[PDB]
Amino acid sequence: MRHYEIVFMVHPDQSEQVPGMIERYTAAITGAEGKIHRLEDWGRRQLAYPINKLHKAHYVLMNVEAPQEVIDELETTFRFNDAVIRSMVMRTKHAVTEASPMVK
Amino acid sequence: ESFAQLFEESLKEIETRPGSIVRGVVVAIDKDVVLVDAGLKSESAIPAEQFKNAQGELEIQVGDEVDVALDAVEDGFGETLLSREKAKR
Amino acid sequence: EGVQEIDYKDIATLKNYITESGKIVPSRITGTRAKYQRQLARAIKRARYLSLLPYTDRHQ
Amino acid sequence: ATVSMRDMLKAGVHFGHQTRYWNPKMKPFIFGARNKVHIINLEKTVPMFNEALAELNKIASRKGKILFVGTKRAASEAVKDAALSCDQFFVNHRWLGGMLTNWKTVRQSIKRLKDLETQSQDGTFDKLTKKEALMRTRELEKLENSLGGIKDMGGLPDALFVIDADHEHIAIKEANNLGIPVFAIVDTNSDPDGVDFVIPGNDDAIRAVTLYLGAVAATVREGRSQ
Amino acid sequence: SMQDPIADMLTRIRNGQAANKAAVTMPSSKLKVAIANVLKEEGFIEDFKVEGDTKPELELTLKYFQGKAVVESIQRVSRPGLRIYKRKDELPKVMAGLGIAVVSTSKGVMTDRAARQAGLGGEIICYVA
Amino acid sequence: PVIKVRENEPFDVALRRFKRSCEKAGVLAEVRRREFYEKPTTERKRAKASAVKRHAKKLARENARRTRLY
Amino acid sequence: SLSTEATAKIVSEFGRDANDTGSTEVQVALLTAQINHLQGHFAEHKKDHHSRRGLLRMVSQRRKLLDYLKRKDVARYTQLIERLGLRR
RNA sequence: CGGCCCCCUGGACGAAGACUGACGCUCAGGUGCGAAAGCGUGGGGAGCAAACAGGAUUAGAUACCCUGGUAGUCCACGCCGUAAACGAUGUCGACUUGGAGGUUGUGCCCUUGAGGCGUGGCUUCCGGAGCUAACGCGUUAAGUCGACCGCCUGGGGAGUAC
Ligand SMILES: [Mg+2]
Ligand SMILES: [Mg+2]
Ligand SMILES: [Mg+2]
Ligand SMILES: [Mg+2]
Ligand SMILES: [Mg+2]
Ligand SMILES: [Mg+2]
Ligand SMILES: [Mg+2]
Ligand SMILES: [Mg+2]
Ligand SMILES: [Mg+2]
Ligand SMILES: [Mg+2]
Ligand SMILES: [Mg+2]
Ligand SMILES: [Mg+2]
Ligand SMILES: [Mg+2]
Ligand SMILES: [Mg+2]
Ligand SMILES: [Mg+2]
Ligand SMILES: [Mg+2]
Ligand SMILES: [Mg+2]
Ligand SMILES: [Mg+2]
Ligand SMILES: [Mg+2]
Ligand SMILES: [Mg+2]
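Residue numbers (the entry's author numbering), protein chains in the order written: chain AF, 1 to 104; chain AY, 3 to 91; chain AR, 16 to 75; chain AB, 2 to 227; chain AH, 2 to 130; chain AU, 2 to 71; chain AO, 2 to 89.
Hints are all accurate, no fakes.
Residues of chain AB clear of chain AY, computed beta-carbon distances all greater than 12 Å:
# : residue
1 : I60
2 : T102
3 : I111
4 : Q122
5 : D123
6 : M136
7 : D194
Listed next, the stretches of chain AB that the computed footprint assigns to chain AY, with coverage defined by at least 3 CB atoms under 8 Å from CB atoms of chain AY:
#  : segment
8  : 12–18
9  : 24–36
10 : 41–55
11 : 197–206
Hints are computed from structural coordinates only; laboratory data are not their basis. Cβ atoms here follow ideal geometry from the backbone N, Cα and C, with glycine treated the same way.
Based on the sequences and whatever the hints tell you, model everything.
Below you can see the structure in the form of structure tokens.
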């Protein structure tokens, strides 16, 4: 199992659906026996540059231990859901089960 | 017949050769320059500029063991960087 | 601090290693070690991708 | 007459140069390296120095003309003092290229200098339009400064005691070409290959330089006295 | 690859002489030991010393006289690429008999003069002058 | 290269600051470089030449200046 | 490449003494497994020339080893090439 | 070979050990990889730009300069198989004074903080002996040697003809 690290930015108008989305992703990972080492809703945030002409995207961070097949499925979900503006899944060696610097 | 002992006693008599300061006797007095001995590889012809008083006449004559800053040894011909290290703190 | 790896989420440090215009500062000026410099550059690029840092000092 | 180790240590002969500037032909004459500054092996130095002194003494005894070559502005005063103390010849300012190899020419220069000095001083004529006195004086000073020590040497020297081999490399080379024994002080940066009687030691430090002069002077005096 | 150990040894000796090294060390072999012994006997080196049990190292102590190398020249003759064998009447005289030629004969490795006296030829290993 | 003219700041001073900022950014130099297509070989050559030039000059300066100049 | 457990298993199978990682047969087995694994990759990625270079190197080394086995001890060679199913 | 991310994957390097036990080096024929231009079939085509057109310059200007501009440059899969494909320096191994650096490992030491002393690997410059026609190379040799291969034998004709 590969330690991943997902960060996805959601359209601020879809901010009310965000807790549910986190729950869904977690549920799927668990279903596939995937551990979830940290999960931080960073909330609404001012973009350093406007993406698709809109500002203040809702950032979620999620460091996860899962298989790569399930990661692929998650990525597909991100790409097709018209709510999450950007995503980035990036492999890591060690699960960084520690609070993020902005929360810290 | 034995060198380690004498050399290491001369060493033990060094305050700090590497980094900060050692005392030393004047070798001569010059114009805007004072030559102070070091006991190291050479002698420190330090500039007397840092010893400039307000009234223009210098307060270092032949003899003083001034607090010359004896660092930066062996710059080719000798050693000289400063002489007001301890005289400023 | 002897950090193991510079973090792209750690913005303040990055903000110290990008100039006003958003360009990455040369290793000569910042004095960073080469290994760290490369790591830092990668982190900055990632942040820019995630709109945590800006690509350029332009309007917004 | 030999030199003691305590005296040598006090003088500061043991210190050498930085490790980046040493010459590996001087790599045998090194004990260790304290604070990126070479330490010369005084154990190998002292016997060698003694041998050199003995040879010098012997030459003096057979009335050898020693030449003390030293051009460092720190050691110029000292070398001159030593030479005059033991009535020997010296070169405290720039060694003229081909002083020994082109001796018949530096001889011509010497003759000219002698004539100028004699007229200037013993002549005491003074009248020369003023221009001649200023120009002549300048010329006389330059010649005296450059060749004043070797003016009385008459011919070539029978031995060459030399302060620092790297600084006074030209002199050593000249000596080698003519074939004259060399007694060189050789710091760690210097090259010892041309030197016949290598003396490991600190060419730079004044106390050390003075010590070298004094010992050599004493031995030459003893030899002459015989 | 290392393809000629004797050649390597000869090279080591030459380089040591050049660089004024007191002793030269290399992996010991039986042939090497014999060669070293011959050299010592003829007086081109001061001594040799084999040292170790599992993989022993031959250490030759080189010879100096007036600042210059005693072994003025030392050339391999027979080599893996081209073996040289001579008959007793064809045995070479190195430097007109002053230098020696190490020849491996039926009765062991010996100098050329000794081989000639005996009356037998062999592989001419090297010249030394 | 954003600049804002401060309250009761002279114009000339503001301009000077702007020029300085531009110089730090190095915008003009970049445009000049991108004016025509430099071949990769040429770019490599220029970089190599610069490296050689700098090293040689520095060596000459550090060394070379330990002699009687007059 | 090849996973650690797989390598361990191979060593255990063909190794005279389970810590005999260097034995010729074991070496051949390890190379063979790696080669077999990489076939799928190269079928997929025909232009991965650098990787195929590595594969070629592995094949050459294995061949050299096999030849050595043949010359040294024939029975072992025959048994090994029967176990692994290598052409000749 | 140059944005970032994921998936598959080859090599190099260090550390301690353990294992096999000469299994090695080189290699004619042979086999593979091989910039750019070029060729085939199918896509793509913003920018640049052989050919081409017009405008300048000039005695002329089938060029340099200017405005345009098609193959091509890009993608897929085949072919071609050459370059100043250069370090104008074959591969492998051993030995021989040094200095200042860069990069990436690694051991201990009080990490007095980015340090101190080692020990590797790759790499840039300077330089000694030696070598060289000289220029220069100089522990990454063009120094001292060993193994194997390729190549040269006056300039042109000619890397041309068959
Ligand atoms: Mg890899
Ligand atoms: Mg084994
Ligand atoms: Mg061929
Ligand atoms: Mg092409
Ligand atoms: Mg095409
Ligand atoms: Mg068609
Ligand atoms: Mg088409
Ligand atoms: Mg055009
Ligand atoms: Mg165009
Ligand atoms: Mg052609
Ligand atoms: Mg060709
Ligand atoms: Mg090329
Ligand atoms: Mg050529
Ligand atoms: Mg060629
Ligand atoms: Mg090969
Ligand atoms: Mg490499
Ligand atoms: Mg060089
Ligand atoms: Mg021909
Ligand atoms: Mg002919
Ligand atoms: Mg043809």
